[PDB]
Amino acid sequence: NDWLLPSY
Amino acid sequence: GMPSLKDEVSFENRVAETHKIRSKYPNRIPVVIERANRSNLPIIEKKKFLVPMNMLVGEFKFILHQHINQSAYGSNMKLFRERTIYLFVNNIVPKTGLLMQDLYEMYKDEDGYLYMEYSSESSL
Ligand SMILES: [Ca+2]
Ligand SMILES: [Ca+2]
Ligand SMILES: [Cl-]
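In order, the protein sequences belong to chains F and U.
FYI, the numbering for the first sequence is 1 to 8, going by my numbering.
FYI, the numbering for the second sequence is 1 to 124, going by my numbering.
It is possible that some hints are incorrect.
Said to hold, decoys possible - Cut-off 16 Å, straight-line C-alpha distance, at most; resulting in silico cross-link-like pairs (EDC-like, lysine to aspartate or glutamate):
1. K46(U) - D2(F)
2. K78(U) - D2(F)
3. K48(U) - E34(U)
4. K48(U) - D2(F)
I should point out that these hints are in silico values taken from the structure, not numbers from a laboratory.
Model the full structure from these sequences, guided by the hints.
Right under this line is the structure:
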């Protein structure tokens with residue numbers, strides 16, 4: 001259930 | 001023929017995962033990263049990304065370069081070793097000047113995921 005949430 | 005998420009999770013579960021994540025977060029796309037050749041590039045333990053739709057491919061490529069080359073060195077710290085990486089979507093080079101939504105609309109897998117692969121070589 002794990003996700004990486006990239007940002008700017 | 002290298003080990004992927006399709007071998008880990010059934011088609012029906014993957015369809016369910018991506019459907020509900022897309023209903024819950026319609027402005028992000030589900031991406032899975034996969035190692036595409038045998039070399040000194042490490043196998044990343046975390047490979048699922050929820051990428052903002054308006055993020056540029058070139059930007060996501062920069063982020064992905066760092067992730068693949070970083071490993072945990074305790075708490076508050078990450079070890080970065082510089083290595084050359086080539087990235088691929090459905091066997092082709094992701095176009096730098098596009099949105100990540102475009103990649104999703106063009107190359108999305110039937111199971112709902114955008115599959116992307118990294119290699120130490122520029123070929124496939
Ligand atoms: Ca793999
Ligand atoms: Ca499935
Ligand atoms: Cl490994």
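Each hint, compared with the structure:
no.: 1; hint: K46(U) - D2(F); result: holds (8 Å)
no.: 2; hint: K78(U) - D2(F); result: violated (19 Å)
no.: 3; hint: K48(U) - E34(U); result: holds (10 Å)
no.: 4; hint: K48(U) - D2(F); result: holds (7 Å)
Of the hints listed earlier, the one the structure fails to meet is number 2.
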